[PDB]
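== chain A ==
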Amino acid sequence: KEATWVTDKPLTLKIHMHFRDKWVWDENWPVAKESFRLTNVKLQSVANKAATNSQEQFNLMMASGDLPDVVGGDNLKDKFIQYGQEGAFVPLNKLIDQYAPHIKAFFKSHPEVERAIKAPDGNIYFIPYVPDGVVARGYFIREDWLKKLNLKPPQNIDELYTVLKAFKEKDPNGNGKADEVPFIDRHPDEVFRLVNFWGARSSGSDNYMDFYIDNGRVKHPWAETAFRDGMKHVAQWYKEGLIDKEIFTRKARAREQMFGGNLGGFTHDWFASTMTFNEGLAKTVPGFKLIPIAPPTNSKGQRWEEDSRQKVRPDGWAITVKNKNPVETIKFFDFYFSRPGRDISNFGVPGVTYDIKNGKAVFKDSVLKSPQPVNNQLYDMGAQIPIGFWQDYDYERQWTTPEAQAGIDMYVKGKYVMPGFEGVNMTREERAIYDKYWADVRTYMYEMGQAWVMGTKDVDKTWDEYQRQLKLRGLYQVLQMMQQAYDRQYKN
Partner candidate 1 sequence: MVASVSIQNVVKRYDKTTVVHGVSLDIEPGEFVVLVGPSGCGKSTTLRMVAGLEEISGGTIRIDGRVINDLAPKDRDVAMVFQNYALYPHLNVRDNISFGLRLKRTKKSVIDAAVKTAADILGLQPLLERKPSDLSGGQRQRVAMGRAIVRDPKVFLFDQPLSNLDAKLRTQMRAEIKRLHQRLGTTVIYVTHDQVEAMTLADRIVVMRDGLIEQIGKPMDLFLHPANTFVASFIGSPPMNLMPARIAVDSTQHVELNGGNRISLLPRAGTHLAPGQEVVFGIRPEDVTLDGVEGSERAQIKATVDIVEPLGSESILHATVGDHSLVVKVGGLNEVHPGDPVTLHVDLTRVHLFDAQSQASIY
Partner candidate 2 sequence: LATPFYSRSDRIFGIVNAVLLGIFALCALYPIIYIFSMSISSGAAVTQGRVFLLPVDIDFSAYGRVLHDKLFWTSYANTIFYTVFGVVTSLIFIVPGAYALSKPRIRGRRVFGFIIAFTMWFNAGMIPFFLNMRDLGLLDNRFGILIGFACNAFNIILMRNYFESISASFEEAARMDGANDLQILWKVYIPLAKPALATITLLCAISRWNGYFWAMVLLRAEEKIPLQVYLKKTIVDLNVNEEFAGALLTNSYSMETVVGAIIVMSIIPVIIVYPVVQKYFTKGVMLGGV
């Protein structure tokens, strides 16, 4: 028996969790086994590990007719509300009130967090993932490649253009080849973010391809006519070879290839893990120094950093109607908002990943000295997964390097960070349009943008037909329906 046990008798449950098209839940995970020992509840995964797309697996499992107990994952928010209203997911509200003191206290201390996850009716069908921190993404560049090639770090778009051009033409590495690639990333969507250099937005928030608010009007960044001016130029960048050709494909293996193979000159990504490489691969690549830099001056004469870390991003897990044990499950979810739950979810497992020192959790030397980023270890260990756990920023502060912290402080002090888009509260009737249309619209936008970057299509030529297709796909219907909310919410 344990003090954290949510049940006296052992409870084994069927959980389907497929997230980020990478990992599936594993009951043999150290974090999962620890979770079972502490909560006396074992989560047995029913999923295809051989599967690729997570969203597809969610849709197929949902359309299968046979529902599991708990359903976890990322970007399921809209879907959680959709199938929540349809009765595939049980409202946790009274379950949270009665049986979940920690979650209730959290939602009491965080009304704005609770507001976003609420349905039109106001119910909460899922326990959300709540990332803790201030910033998210910032621009990084090779310090060594700025030296032997004799070029001062770029203060603007022109200097960055000349620097990347110098990376492609002149040899920054010295293998004697043009094989080096000026710009990379592990997220393909970042190839759009480059339009910030021309003063265009790739999104309104941390979530890619999201709406935003301009002077009291709801607008989508891609639908604007300032978007194609930037897209033309990033298509020019892709054409000159400044952007990785495989940027839409490569993904998770990017940084461990381009930087590992010493072919990358530039990246966006994140602070901590990008600065982890400087310590990690320093042995294999001798002259590698990656440094944080302020965002280059755009064509609008401004300093723009678009991505900001958002609270309660659309991740989490939910309880089905076939669960038959809502109490032990809402208690189980309540555990991850508790201190030990946050400990095992953020820091991995004690005696292995971390230890308890002076009322805090401190990572082992084995974890901190690892060349592989800590979070990447935790992912395989079953930690920092998009469950309903509350994230602890200290965990990130531990493996955050002084240079990384200096870069973060630089970005915060410089106020380069643009405000995040919270979203709006739509009623039952007006949300259906969003739910139905926005998926197809977003997918279409993604495909078109990808076609534009790779240069398979012409921006200016296909722009009109693109606009009309956006019109007949019900984009502006969702836009006007979003304004229908925002205008009622914010006034003066």
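How were these candidates chosen? In short, all candidates are chains of the complex that A comes from, given by their letters.
Simple rule for what comes next: a contact is a pair of C-beta atoms (placed from the backbone, for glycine too) under 8 Å apart; a residue touches a chain by one contact, two chains touch by 3 or more; residues count from 1.
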item: Result, touching chain for chain A in the complex among 1 or 2; value: 2
item: Residues of chain A that touch candidate 2 when the two form their complex; value: 21-23, 46-52, 64, 179, 249, 251-253, 255-257, 260-261, 280-281, 284, 371-373, 375-377, 379-380
